[PDB]
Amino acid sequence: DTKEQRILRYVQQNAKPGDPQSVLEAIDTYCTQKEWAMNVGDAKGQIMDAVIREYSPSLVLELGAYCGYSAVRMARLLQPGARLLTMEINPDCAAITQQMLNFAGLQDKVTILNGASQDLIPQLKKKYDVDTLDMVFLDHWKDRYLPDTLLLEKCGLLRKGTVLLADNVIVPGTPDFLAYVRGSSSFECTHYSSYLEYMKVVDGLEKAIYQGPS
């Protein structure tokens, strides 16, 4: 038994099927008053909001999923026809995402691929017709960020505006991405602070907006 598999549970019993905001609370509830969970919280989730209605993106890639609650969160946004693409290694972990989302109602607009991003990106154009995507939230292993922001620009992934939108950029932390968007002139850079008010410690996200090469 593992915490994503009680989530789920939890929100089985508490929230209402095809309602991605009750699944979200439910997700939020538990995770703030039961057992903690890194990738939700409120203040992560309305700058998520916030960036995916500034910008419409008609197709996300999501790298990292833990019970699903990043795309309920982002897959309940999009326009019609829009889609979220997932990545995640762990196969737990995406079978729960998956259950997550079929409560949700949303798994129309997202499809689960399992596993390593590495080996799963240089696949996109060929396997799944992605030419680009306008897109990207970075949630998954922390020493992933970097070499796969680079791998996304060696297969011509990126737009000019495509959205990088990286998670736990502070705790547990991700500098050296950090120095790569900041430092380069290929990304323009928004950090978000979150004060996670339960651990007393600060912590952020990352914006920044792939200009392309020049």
Contents of the next structure:
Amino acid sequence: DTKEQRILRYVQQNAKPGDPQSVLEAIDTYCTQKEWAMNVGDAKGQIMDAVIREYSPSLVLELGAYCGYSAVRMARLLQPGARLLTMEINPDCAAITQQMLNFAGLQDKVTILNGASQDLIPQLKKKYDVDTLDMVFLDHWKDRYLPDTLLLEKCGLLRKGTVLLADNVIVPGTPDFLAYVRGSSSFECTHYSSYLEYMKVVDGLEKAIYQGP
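Now that you have shown the form deposited in one PDB entry, what about the form deposited in another entry?
Partners and other molecules have been left off, which leaves just the chain.
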């Protein structure tokens, strides 16, 4: 089996069904004690929680699900009826994420999409009946942060006040995205310094709030 399957089986055998906080704890314990993996992790997760609670978004788009850690983290804080759409290009990871969400009891809040962001973003309005997004969590290929931000805008998916929250802006890094949003009058940007998941390595989140054209 793969690392991702081992993480899912660990959660199934060490967390309580229907209890999202147990699922996050189990993932973080496994990835601290057994095998590192690219989940957002608890240090950066606690900053995500504070952002989610400040904005109480009704409709969130995540780019990059992986094993569903960030999807569990955000969906557990959504208000009743609020929704998360999460895009995952790797079908094995899409299947782990669906199973992780099932286990956590969050499957009615989340729709796990299996494809590439550049293919799926243009289908959001017609196929997933999206008007505009309240928040976007960027956690996919780091060289896609910037092009997908611009594609979201092209597609009319951003509105005044949509919150972009970007993982890994330091490690691995997203230098073009950072320079762009920080330089642009169309974004109001804040950096939250933290640590790479499970490591004593500096990383950070960027929040970039869209201000319209």
